[PDB]
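Only one chain is given next, in structure tokens, and it is the form solved without N-oxalylglycine (OGA).
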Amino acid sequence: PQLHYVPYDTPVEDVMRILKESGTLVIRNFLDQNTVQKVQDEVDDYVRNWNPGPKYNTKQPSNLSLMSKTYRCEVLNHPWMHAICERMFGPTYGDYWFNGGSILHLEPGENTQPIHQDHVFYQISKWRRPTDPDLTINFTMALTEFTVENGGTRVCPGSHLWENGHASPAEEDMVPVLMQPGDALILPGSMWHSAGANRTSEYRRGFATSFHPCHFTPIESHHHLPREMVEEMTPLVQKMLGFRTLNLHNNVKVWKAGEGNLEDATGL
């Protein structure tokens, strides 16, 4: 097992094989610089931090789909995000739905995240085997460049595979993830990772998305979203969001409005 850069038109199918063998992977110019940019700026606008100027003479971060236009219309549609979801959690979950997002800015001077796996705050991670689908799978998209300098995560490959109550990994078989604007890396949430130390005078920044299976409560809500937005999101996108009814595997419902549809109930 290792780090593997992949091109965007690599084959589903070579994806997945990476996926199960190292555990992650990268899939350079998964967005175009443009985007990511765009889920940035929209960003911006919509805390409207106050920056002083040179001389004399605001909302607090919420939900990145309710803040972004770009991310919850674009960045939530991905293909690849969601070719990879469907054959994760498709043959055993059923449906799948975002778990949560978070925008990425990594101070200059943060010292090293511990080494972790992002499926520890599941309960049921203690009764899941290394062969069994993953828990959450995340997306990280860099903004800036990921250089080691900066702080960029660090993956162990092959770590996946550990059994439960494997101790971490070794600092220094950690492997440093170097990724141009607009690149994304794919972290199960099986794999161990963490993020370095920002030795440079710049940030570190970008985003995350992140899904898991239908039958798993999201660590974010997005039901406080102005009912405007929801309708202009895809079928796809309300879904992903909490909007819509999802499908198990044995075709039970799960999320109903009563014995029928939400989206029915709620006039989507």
Given for the second form:
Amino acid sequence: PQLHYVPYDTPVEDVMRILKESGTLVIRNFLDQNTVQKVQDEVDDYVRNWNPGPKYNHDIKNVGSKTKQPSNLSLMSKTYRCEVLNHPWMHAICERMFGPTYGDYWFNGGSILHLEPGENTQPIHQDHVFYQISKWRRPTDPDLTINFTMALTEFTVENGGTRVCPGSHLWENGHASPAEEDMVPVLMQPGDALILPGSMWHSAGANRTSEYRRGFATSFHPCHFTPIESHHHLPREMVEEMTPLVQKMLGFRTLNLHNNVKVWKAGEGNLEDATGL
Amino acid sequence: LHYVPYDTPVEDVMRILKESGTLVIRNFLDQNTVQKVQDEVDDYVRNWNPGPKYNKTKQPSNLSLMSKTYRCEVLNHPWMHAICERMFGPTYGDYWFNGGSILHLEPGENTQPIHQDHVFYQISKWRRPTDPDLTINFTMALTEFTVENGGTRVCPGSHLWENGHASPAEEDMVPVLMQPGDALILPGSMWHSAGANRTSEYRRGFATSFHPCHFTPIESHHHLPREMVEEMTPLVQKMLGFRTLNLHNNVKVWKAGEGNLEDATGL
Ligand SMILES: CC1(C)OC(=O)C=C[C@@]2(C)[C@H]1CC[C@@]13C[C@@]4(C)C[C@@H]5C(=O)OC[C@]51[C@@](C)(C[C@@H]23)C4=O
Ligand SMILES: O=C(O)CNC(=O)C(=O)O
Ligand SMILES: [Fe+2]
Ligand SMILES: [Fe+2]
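Please supply the corresponding structure for the form solved in complex with N-oxalylglycine (OGA) (the preceding block corresponds to the form solved without N-oxalylglycine (OGA)).
Following is the full complex, with the preceding chain placed first.
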């Protein structure tokens, strides 16, 4: 297994092969320069006023003192919720990853990944560690989550670009963390995206440049799992402008399981019916 | 199958749950409370009842939306929270409401298939019988539960069976005989089934169910009016999905960005 840089027009069966083989890859030109600049324009004041460091106390202390990870992106970015969440590559991969086992999937969470100059290396980790059921899951099973880390600024070795350990997703539970010397930094242009299944060991690097390294992420997981981020605080007019696909992603529609059982229902009917969506 | 009084110590009930997989708590509710839920539900659906001579109806929604007693009193029942705290707490942290249904077997209904309640969790095929349950059901009886009217039957000890084990034989199913107000405790791994109602009258009752906070509930209560959410207790607000949940590792799920959902919605 190795790091792979594939173009946008890669066949889907080739991408899922690399995900099955190496557990990660980079899709170049995942977004265009227009979407990158629009996302930066919408979250500029948000991230600037956000305070560096975690917001609350939890066990996985992987938020550095010089790191900003604001979420709430569907609420603070129109391009995020109207276009980014409808990205065909995300839904093409998510359908083949969760479909045959869980049925529907929806949005788990998504945050800005902002590395201030001088930030040290993030601890190497798997994204699904905050799932208690990850101890039950064998590495042959489908992943509990998948992440889409999109570069807004450049991602270099020196400015703290994300590093992955290809092949570490196939390790059995309890396997020790990969050594730092085994981490492989990811080189990305603005708009490129690194695909991170919940089982791939990875971490942010140290930002040893004079300029911040900023990315932003989306993540999806099976519909039977509670998302880290709710969206019932969003204004009603926002939901009605969302596509039906994004409405389901953000928790406003009933979800169907793989055997046609429904969860997230309003009584016995659909949640969208009782709300008038 | 154990029948225990209401004042049974919590440690005793959890011990019988671990060993037998089910039991009944007699007088779980007073007969008044169970009756009020039905009356409030009937007053909600407002089905047309024809009189003896000639001379605005809603479909059934969530039980917490239909019945004020259900969402304000039944969902705050200390016995359910005492059991859910000890079954989900150490492993999962928070728990919340999974789903609730009105259980009415009309006269003539055949025997329901024997099943486990956690069969619709795909992750049930990774769980070991000694692991904590994925969900727990509390079935409260409004009418009497008898053999003839199709009262629920259980197979004690079948919760320890390996995954893939065959369903228990019908000859080895134990009928649960409950008076109005009692409640049958059904963890997700207990093999059970409703019986055949061979009497002339309905078998009435309802159920609540809870599961770990990291699992998506069967029912969403997002359509509930804001006035109803505000009058709920903070415990019930979290139960019905209006509050941020805390995992065992103190990582929060169901947040509003990085903060709490109840703070963003002004609860
Ligand atoms: C910083 C920390 C503690 O670091 C960790 O080591 C491990 C896991 C989490 C709890 C992150 C913080 C929030 C999460 C949640 C989310 C669904 C969406 C967030 C995101 O977009 O990037 C971080 C994401 C993550 C990709 C990883 C996961 C993900 O699954
Ligand atoms: O910021 C990055 O490059 C990578 N961040 C993470 O993996 C995280 O925050 O979980
Ligand atoms: Fe991560
Ligand atoms: Fe059942």
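Residue numbers count along the first chain shown, from 1. Between two forms, the rigid core is the largest collection of C-alphas that superpose within 1.5 Å.
A 2 Å or larger CA shift between the two forms, after fitting on the rigid core, occurs at just one of 232, 202, 45, 32, namely 45.
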